[PDB]
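Q: Read off the chains here:
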Amino acid sequence: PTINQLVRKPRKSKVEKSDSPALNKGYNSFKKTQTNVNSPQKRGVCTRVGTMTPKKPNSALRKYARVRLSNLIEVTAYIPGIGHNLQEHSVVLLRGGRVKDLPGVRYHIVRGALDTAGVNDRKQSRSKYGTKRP
Amino acid sequence: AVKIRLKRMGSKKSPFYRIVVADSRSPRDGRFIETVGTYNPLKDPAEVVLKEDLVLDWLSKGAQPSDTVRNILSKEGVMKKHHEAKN
Amino acid sequence: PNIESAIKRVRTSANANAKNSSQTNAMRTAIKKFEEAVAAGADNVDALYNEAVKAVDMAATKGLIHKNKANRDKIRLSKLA
Amino acid sequence: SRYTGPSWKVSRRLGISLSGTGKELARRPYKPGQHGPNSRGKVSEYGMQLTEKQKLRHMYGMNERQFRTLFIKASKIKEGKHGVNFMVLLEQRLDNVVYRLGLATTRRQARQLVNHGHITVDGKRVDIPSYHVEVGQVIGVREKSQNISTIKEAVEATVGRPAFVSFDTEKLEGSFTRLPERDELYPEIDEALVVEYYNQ
Amino acid sequence: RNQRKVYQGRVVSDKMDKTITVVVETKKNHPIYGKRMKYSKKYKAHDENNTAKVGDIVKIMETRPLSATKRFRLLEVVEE
RNA sequence: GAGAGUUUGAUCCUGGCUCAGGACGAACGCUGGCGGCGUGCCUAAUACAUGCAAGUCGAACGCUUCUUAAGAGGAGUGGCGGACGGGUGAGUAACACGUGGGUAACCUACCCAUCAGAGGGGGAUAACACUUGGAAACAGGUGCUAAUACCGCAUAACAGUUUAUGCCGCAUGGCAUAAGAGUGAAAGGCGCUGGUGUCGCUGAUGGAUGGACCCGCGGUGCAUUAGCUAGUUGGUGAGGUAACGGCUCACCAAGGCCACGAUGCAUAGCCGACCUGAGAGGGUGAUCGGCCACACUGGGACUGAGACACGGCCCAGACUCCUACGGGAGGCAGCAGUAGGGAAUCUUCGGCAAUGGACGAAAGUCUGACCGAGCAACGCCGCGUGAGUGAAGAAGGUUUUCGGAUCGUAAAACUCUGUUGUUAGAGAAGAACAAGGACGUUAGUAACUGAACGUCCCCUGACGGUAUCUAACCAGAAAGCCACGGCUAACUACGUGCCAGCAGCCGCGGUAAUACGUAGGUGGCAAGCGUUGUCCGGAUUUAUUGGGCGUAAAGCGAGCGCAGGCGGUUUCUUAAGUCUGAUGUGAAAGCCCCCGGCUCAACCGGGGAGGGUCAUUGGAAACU
Ligand SMILES: [K+]
Ligand SMILES: [K+]
Ligand SMILES: [K+]
Ligand SMILES: [K+]
Ligand SMILES: [K+]
Ligand SMILES: [K+]
Ligand SMILES: [K+]
Ligand SMILES: [K+]
Ligand SMILES: [K+]
Ligand SMILES: [K+]
Ligand SMILES: [K+]
Ligand SMILES: [K+]
Ligand SMILES: [K+]
Ligand SMILES: [K+]
Ligand SMILES: [K+]
Ligand SMILES: [K+]
Ligand SMILES: [Mg+2]
Ligand SMILES: [Mg+2]
Ligand SMILES: [Mg+2]
Ligand SMILES: [Mg+2]
Ligand SMILES: [Mg+2]
Ligand SMILES: [Mg+2]
Ligand SMILES: [Mg+2]
Ligand SMILES: [Mg+2]
Ligand SMILES: [Mg+2]
Ligand SMILES: [Mg+2]
Ligand SMILES: [Mg+2]
Ligand SMILES: [Mg+2]
Ligand SMILES: [Mg+2]
Ligand SMILES: [Mg+2]
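Residue numbers (the deposited numbering), protein chains in the order written: chain m, 2 to 135; chain q, 2 to 88; chain u, 2 to 82; chain e, 2 to 201; chain r, 5 to 84.
Incorrect hints may appear among the rest.
[Stated by the list, open to error] With a straight-line Cα cutoff of 30 Å, these simulated DSSO-like cross-link-like pairs (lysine-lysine) come out: (1) m:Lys13 with r:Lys19; (2) e:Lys125 with q:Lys44; (3) m:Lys10 with r:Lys42; (4) m:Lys13 with r:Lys39; (5) m:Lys10 with r:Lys32; (6) r:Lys74 with u:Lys70; (7) m:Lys10 with r:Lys74; (8) m:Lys13 with r:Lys32; (9) u:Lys70 with u:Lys20; (10) m:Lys10 with r:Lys39; (11) m:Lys13 with r:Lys48; (12) r:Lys45 with m:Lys10.
Everything labelled a hint here was simulated from the structure, so no lab data went into it.
Put together the whole structure using the sequences plus the hints.
A: What follows is the structure, encoded as structure tokens:
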């Protein structure tokens, strides 16, 4: 564009959007609205727990939970590690992170936090999966 | 009224002071009108750096040194100069 | 008030308001009497003019009005006279 | 944090002798681990640059954070080649000065001496191995410490002192007459690779 | 004595008595691209006798507030 | 000024996506030795138990209770303070803020300096005593009492104003002189000897300080928001204010703003600064400092130099609490702390010793400011978790091509060190002081006390027996986390069999997996490590620096054209742009440069530089 063209209509950049939107919004019980708060994690209650089929390339029974977060937004989160103790009405903590295999999972359930028990027999990468040092 | 007083500086347990002309109502470390010297009590002979001419001018304008600053100005002899200037 | 000095100031400020309102109303009545005399074309206008100026200055004393307000009123009264 | 693990394993991983004796490399000059003895694929350019960076920091027994800050200071120096200046500062580090003077056989030993405070700079105790030693500052052993077998043995054993260091045996006092020259420093290490590494 | 800002401009409204509207017509560099762009500031100046007409080049000096929007006083009329 | 992976059978180009860096008031997972310095409700401007955060003055005044007439209290009146300091940022898109000007349209207690005055009288009321009502909160009645409380009268016009001169400015006008009309004030206390010192009191002026108003320019999004305005725009008067002003009001007009974005909607405290970047820029607006705004919500004024007042008053409302049902009390966004929300943020601690602030003549009293200490690896910095010698290399683990390789000089063993740790001892600076005791010099006096200044003695530490130093003993109590298919430094065994599972992208897993789990090794870093969240970079991926539009996304179907953008040669001139100098300013702190202090560093201190599309002013005239 000419300089006059840019002056008349300046450059405008694309606006990015979060890969983990549910973590970006808080809730104000009094006003009953959603706030704009960036949170590294968020507490939610497991409304449902089960397993899901991956996308076409892969085959498994990926373990997941449908969770209503503390800001009333309902999302689907993955459950990493081998074996878990979660059930519906179990209080969990959620972190960002997609799952390539699964269609609509954008969050991970942190292990070792709140009602999520560490992974039994985990011995390498213990920080992740939330297991104490044996 | 206008004050000549010590603004504290330095670190915890290691104070330093700047002799500054400031309005009495202002916070100690807050707004001040001008810096006129420094004062380091941690030296065995307490070390003082002073703009004697500026301090005398402010005293003539009616600044009121705090107690410690008055001792400092006396030790530097500024107070006697101010007394003679009044004469 | 939760502070003893606050309670003390409540009483004293109330009393000062009583006194100040009384004196200010007195000054206004003096000015009002002179203005009405000017309107009516009375004979004691000059005596009332002196009284109005006297009242305004005495009101400036005691700090019921600012000195600038007092001078503005004096000029206004002088123009009326 | 201070590294304490085996010394030979680190030296042979780097492929050069940290102590300079070559004793570590002489026998089994393989990278540590079970795959070391057998042939290994060539290293990428990033690996080469990383290896040079590791060479310097393992030589002087420093952590990455302190190493990184020191490199930045070297950059601030205006005159002379950047990598050369960085190596000069590495030398001026207090531990290395003790090592060069030969009051300790190894840099670990010199560091422990400084940490325990047996050394004094200009007659003043200094327990900071990281301490920066200027040209002309006199590094000496604490008077109480002078009669300990370790430092005395190290002095008698060390027979070659770099030109830039000046040392007195009886007083056990040394100092850098001048900043070390590039060739006086370790030549096997290539400072340009380290410079480019931190350029990232 | 300190000086008040005086501006040159062109009258654009005289339908109000004892006052005129002037336009300064400056240019400013665009912050990003730096081209000079025409910028128009207009002032309401008090006219003592409605001398100045529309489309007249006049000078105005800043003054104390004379009305809600007046802040300037007419000085000269250089072109009609 | 570093790139890399991924479209294909393969290739080049285009293009998006993803990664390698840094940062944080972070949180979470595992782990966890210490010290220095700093930081710690980002969410509910949600509600708040409890304790404290604003008092002081007896040398303004009159009372009242005790100690053998003392000192110590107790409540009055009166003075100053309470408008500072501390908290939060809700609101606010606005001269709120930033920067630079203007005010001849301004005010200012306490502090300095100058010139004057400081005379005469008077009536009160608290307190007190009784006494009415009330459940309480608290209101009343009667009778006394003082003041530096209150009111008159006297004198003061230098204030303001008019006039007349002289000078000057930027229109209104400013300054000085003279004259003139009308009126305006005050308080005494302590102490020397009627005089007098000192602190007070009154008027005028000037200074400093603080505040106030106006103005140029600068910094959010949305036009799938285009009309807005009726005291609105201006005038004439009048009133009001510290002051200009539609600030308000009566008349007179119909004007004012707006595509150079009005208005409306949404979001937001602004800045110095901070993070990133090669830079241009992008993001942020914690801690620290400046300004602004707010104090349960809404409104109002009173006192005052100063408030429309966080810990003041009045009214209304929501909520909490007390009632004897008549009526009352309250406001943590002060310091701690509690509940609640949340992923998530601390002790209901010590002291006024230092610096600062209020009152006092001063001792001193008050100060949750502020000094410290406490808790959190939350961050940065610093030091350890030993050092030296030590085998063709012990056992065991792992792995074997069964020979052997690797963990590995690592261990063991021997010789040394105590940073730390434990134990004992010794031990700061931070303290200047004020008052008080002595003298001495100035000015003033007749003389003194006394004032200002000067020199000695005396006097005080919460931190705290804290830092630190010395000496004895012991390798003894003190290393984890993640990663190892490529990007990417780091590889083999089992177990598993498109399962269990991994994953940032490519993608791994279907019985021989360096990609899953475990193991052994190895790499990275280290009292941290990693994950998530968010910002910048890489991203030339909005390209001003720095991209494109024949076929990859992209030339309107074409023209006529208002505004706008741009514009042929040349003489002279101008100096808006442009270049350049000087001056002023762009606070302090923080970056950056020198120089110092902490054993180093972090940190702290000193001196510089920088930082503006800045204002004033002087130059140049090529280009616009
Ligand atoms: K009082
Ligand atoms: K592919
Ligand atoms: K690509
Ligand atoms: K006050
Ligand atoms: K401005
Ligand atoms: K008007
Ligand atoms: K705000
Ligand atoms: K309000
Ligand atoms: K208050
Ligand atoms: K104090
Ligand atoms: K108190
Ligand atoms: K003191
Ligand atoms: K991998
Ligand atoms: K371009
Ligand atoms: K075409
Ligand atoms: K020009
Ligand atoms: Mg893994
Ligand atoms: Mg001292
Ligand atoms: Mg560290
Ligand atoms: Mg808050
Ligand atoms: Mg807000
Ligand atoms: Mg009085
Ligand atoms: Mg860039
Ligand atoms: Mg409060
Ligand atoms: Mg010790
Ligand atoms: Mg590799
Ligand atoms: Mg694996
Ligand atoms: Mg870019
Ligand atoms: Mg096509
Ligand atoms: Mg096409």
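Q: Hint by hint, note whether the structure agrees.
A: Verification of the supplied hints:
no.: 1; hint: m:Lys13 with r:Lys19; result: violated, 43 Å
no.: 2; hint: e:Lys125 with q:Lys44; result: holds, 20 Å
no.: 3; hint: m:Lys10 with r:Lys42; result: holds, 16 Å
no.: 4; hint: m:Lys13 with r:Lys39; result: holds, 18 Å
no.: 5; hint: m:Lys10 with r:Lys32; result: holds, 17 Å
no.: 6; hint: r:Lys74 with u:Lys70; result: holds, 26 Å
no.: 7; hint: m:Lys10 with r:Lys74; result: violated, 34 Å
no.: 8; hint: m:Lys13 with r:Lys32; result: holds, 22 Å
no.: 9; hint: u:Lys70 with u:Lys20; result: holds, 20 Å
no.: 10; hint: m:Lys10 with r:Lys39; result: holds, 13 Å
no.: 11; hint: m:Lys13 with r:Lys48; result: violated, 37 Å
no.: 12; hint: r:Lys45 with m:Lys10; result: holds, 22 Å
Violated hints for the displayed structure, listed by number in ascending order: 1, 7 and 11.
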